[PDB]
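The excerpt is restricted to a subset of chains, each kept in its original location.
Letters are used for the chains, namely A and B, taken in the order the chains are written, and counting of residues starts over at 1 for each.
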Amino acid sequence: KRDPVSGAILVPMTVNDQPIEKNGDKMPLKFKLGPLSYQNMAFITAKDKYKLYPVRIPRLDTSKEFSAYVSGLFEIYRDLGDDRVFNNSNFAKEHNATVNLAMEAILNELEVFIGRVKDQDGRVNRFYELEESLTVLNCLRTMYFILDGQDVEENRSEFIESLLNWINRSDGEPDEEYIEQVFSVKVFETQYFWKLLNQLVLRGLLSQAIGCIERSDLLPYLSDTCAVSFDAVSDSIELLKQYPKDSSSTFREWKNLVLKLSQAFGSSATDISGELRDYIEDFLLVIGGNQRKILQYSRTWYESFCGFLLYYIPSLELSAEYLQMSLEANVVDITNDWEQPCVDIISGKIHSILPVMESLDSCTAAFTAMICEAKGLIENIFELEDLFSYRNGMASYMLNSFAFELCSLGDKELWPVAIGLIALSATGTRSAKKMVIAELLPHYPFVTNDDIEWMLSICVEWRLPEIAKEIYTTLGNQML
Amino acid sequence: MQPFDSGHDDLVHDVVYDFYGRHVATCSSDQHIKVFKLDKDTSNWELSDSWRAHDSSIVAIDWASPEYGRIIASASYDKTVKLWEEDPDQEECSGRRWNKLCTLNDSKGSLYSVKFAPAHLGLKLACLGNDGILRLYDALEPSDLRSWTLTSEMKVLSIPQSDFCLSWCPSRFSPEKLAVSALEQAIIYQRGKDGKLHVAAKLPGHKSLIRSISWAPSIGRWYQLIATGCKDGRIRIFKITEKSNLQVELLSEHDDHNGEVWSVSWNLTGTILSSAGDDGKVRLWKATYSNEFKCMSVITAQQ
């Protein structure tokens, strides 16, 4: 329900009360941004145009789900203590451990948010943007917050489990709706079946894969027609039922049995169709890892990628080579904002994922950069006195940005999270942080006394007593 | 977000927000000032009070810091600036809920603008009119809000289509200074070490009448940012850095409006910039990592 052209989101002021007619004279439209993000104002200095138009900033999030999400991410932030930054020799090993954990913490907070947004039925637009974010993070996690510069051999189960998650959560496909479009209205012999079967295999959806076979041609056409291939197709199904997800060793042995099986069938009695014959050799080749064939039955670059890792060679040493083969086969779909940021992850350049995420959600983007700086994937290179620029890290920037943004949100519950981010900012002079708070604080939306205390307590903690002169000088004039 | 009726007979010139954005002050040529409140439970703007404040078009208006109380200032074509203070001992919509604190009438020409100075400089204000004379007024004794002293006078232009604008520098951590636009000119005044005002710089490039200029809050930075909307169809964002003598750059320049850019305003945090014009559209701009401004969204009043 939103559309960009000039890179900007174009939107209507009012749905059935827009004051300007394209035929009409050119008019003096005026707009004042308000202290409250959700409360701005547009008006016109012209005759018979005396209506005031309260406007709210496009894509603003006032939801409770969000302020919960923000609070939740702020915990994970201050809880990383010193691990928020990047410097026993296990200091390295333990750092990574507590960080790769905060990453799982984030993914959770976000999955929870996503889930809650799904239940209320406001703009589907926000739910979509958020899910894309999660997918991008799901990729980021798999590629950098599991093996810590190691190889899939170090932690196979965590990796493969995470990889399969990212893949089968990016796009709903193959959606069960399509699976049953391949069954209704001679005898599942057209590619549609195999393309779907191999597709499930490439995606690691073996559970489902075996299910599709056990729905048609296995027990009848085979068991009756050719006995040679019946065995092949069945004890291959058996091999799927036991695809090694934990042991890197069991895999090697596994792939051996897979290849041994295809070699046997490959040169044997063909008592079945000339076509059905090949369809099964292609099925057996995909499982074996034949790149040629993996690319063939791949509908998207990422199914190619997932498959190479799952069946060919599980080593991120070929990640770059895998990506290229996969992209030649099927280019990147620019429809969805997530596919590219993932190609960027898998290929190294991680900074170029931020802008995109800052677009989907300023919040998630800020903390994503934060965790990336913690992990040491991105770092400042830079070389009066305040910093809210490219000067300190990129992550610093986004966090302070999101901080500032929170101040106009009008949610007093998030004001601590705001001042907090500025306080705990990995970089930036203490006096720099002082000045910033000196100006942002007068704007705290205090209601209760407790609030005024928290408020004043910060003037103390930062030596902004002069800011308290004003808190009082005001308090005196408020009653009056 | 349904539009509401201001209730003005003639044309509305300015609309201004109080400190918390929960209130709005409005002035029209119908010689009336209105104040609306955003009811918390209904989330509908309702009229707090309205009254005849001037004997001619009330072009500009502005609120003082909560710190000094409920104070509003209004500039009018009747060559006068008036100051009002909410007297809560009067019913709302009683026409008598705001009291005139005083009437500054030193101006000899219609008044186009009136802006209160950042609270950190005390109860101070500035106005500009036909007589091309800038004027600062101080409530030297906040004990009594009726006595305002003429703190300064400066001839912005030499000889009296004409527009004028004012916008102080918000930052409390920066030398007192304000921006002034007269016709096509745009100059900055800085408080000299001698206590007087001095022309510290100029914003060049404007090829015709400057309709609006807004100095951005500089929370977080070492430089100042002041945007202008010119009749020549361009939004211009100037970066002023003092190294004190002021160094001036032209960060961004946008023509997206194709037609006069009538109003330019800044965020509370000076994170977002707004522009409105003939094209009947309002665009919002944030700054990139390299400090060039990109347009983040476009709201249209066009049918």
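The rule is short, and it goes like this: a contact is a pair of C-beta atoms (placed from the backbone, for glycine too) under 8 Å apart; a residue touches a chain by one contact, two chains touch by 3 or more.
A.B. asks: Can you write the copy numbers for the whole complex as a formula with these labels?
C.D. replies: When all copies are included, the complex reads A x2, B x2.
Following the convention adopted for this analysis, only the chains that are shown with their structure count from here on.
A.B. asks: Just curious, how far off is subunit B from subunit A if you go by their C-alpha centres, in Å?
C.D. replies: Taking the average C-alpha coordinate of subunit A and of subunit B, the gap between them is 42 Å.
A.B. asks: Can you check the complex and tell me which residues of subunit A touch subunit B?
C.D. replies: 6-14, 17-22, 26-36, 39-47, 49-59, 384-390, 394, 397, 400-401, 404-405, 407-408, 410, 435-436, 438-440, 443, 445, 470, 473-474, 477-478, 480
A.B. asks: Name, in rising order, each residue of subunit B that touches subunit A in their complex.
C.D. replies: 1-17, 19-22, 24, 26, 28, 36, 38, 45, 66-69, 88, 119, 171-174, 217-222, 256, 259-260, 262-263, 265-269, 271-272, 274-284, 289-291, 294-303
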